[PDB]
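**Q** So you can see what is in the structure, the chains are spelled out below.
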Amino acid sequence: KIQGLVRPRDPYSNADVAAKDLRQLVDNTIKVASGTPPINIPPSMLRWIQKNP
Amino acid sequence: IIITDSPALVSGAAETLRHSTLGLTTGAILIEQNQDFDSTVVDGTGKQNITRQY
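Residue numbers (PDB author numbering), protein chains in the order written: chain S, 55 to 107; chain R, 215 to 268.
Among the hints, a few may not be true.
Unchecked claim - Distance ranges between label pairs, derived from CB positions:
(1) R:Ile264 - S:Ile56: 52 to 60 Å
(2) S:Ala69 - R:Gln249: 51 to 59 Å
(3) S:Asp75 - R:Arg266: 41 to 49 Å
(4) R:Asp252 - S:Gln78: 38 to 46 Å
(5) R:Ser220 - S:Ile56: 54 to 62 Å
(6) R:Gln262 - S:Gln57: 18 to 26 Å
(7) R:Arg266 - S:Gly58: 18 to 26 Å
(8) R:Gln247 - S:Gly58: 47 to 55 Å
(9) S:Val80 - R:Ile264: 29 to 37 Å
(10) R:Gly258 - S:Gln78: 26 to 34 Å
These are computed hints drawn from the structure, not numbers from a lab. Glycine residues also receive a C-beta, built at the ideal position from the N, C-alpha and C atoms.
Chain R extracted, bound-state conformation:
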């Protein structure tokens, strides 16, 4: 039994919280990370101090 506090398996609160448990088989759920990662750092001027963003 795999334990996970994922908010996708609780779905409710108080007396209507409905925990959901999954019985999976081999290769039931497939996730592929498409390695299209892009991260930019942008900076601004005209202030007292330089401002960056990520």
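With the rest of the complex left out, here is chain S:
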């Protein structure tokens, strides 16, 4: 964003005015990675209780 865009002007006078530039800015979005610890789900421990694995 340009700070000084409007300037008090004098049509009756010729004088120099300093120039201005264009800036730029960067947004950001970090990546977070999650997971699950290994879970033991042996079929035997469920068939012993007679349940679907």
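Fit chain R to the given chain S structure using the hints.
**A** Chain R alone, transformed into the frame defined by chain S:
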């Protein structure tokens, strides 16, 4: 007689001004406009107001 106040026909002043009159024939003087007209408009910044030129 063609009248013309052209500064090419006076050439002098005071008591030494020497008017010159020309007796021309058909096609005595030839003028061709070479139609090479170029006009630019140039503008400048960095001032309080924009400046143009022609």
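**Q** May I ask which of the numbered hints given earlier this structure violates, with the numbers listed in increasing order?
**A** 1, 2, 3
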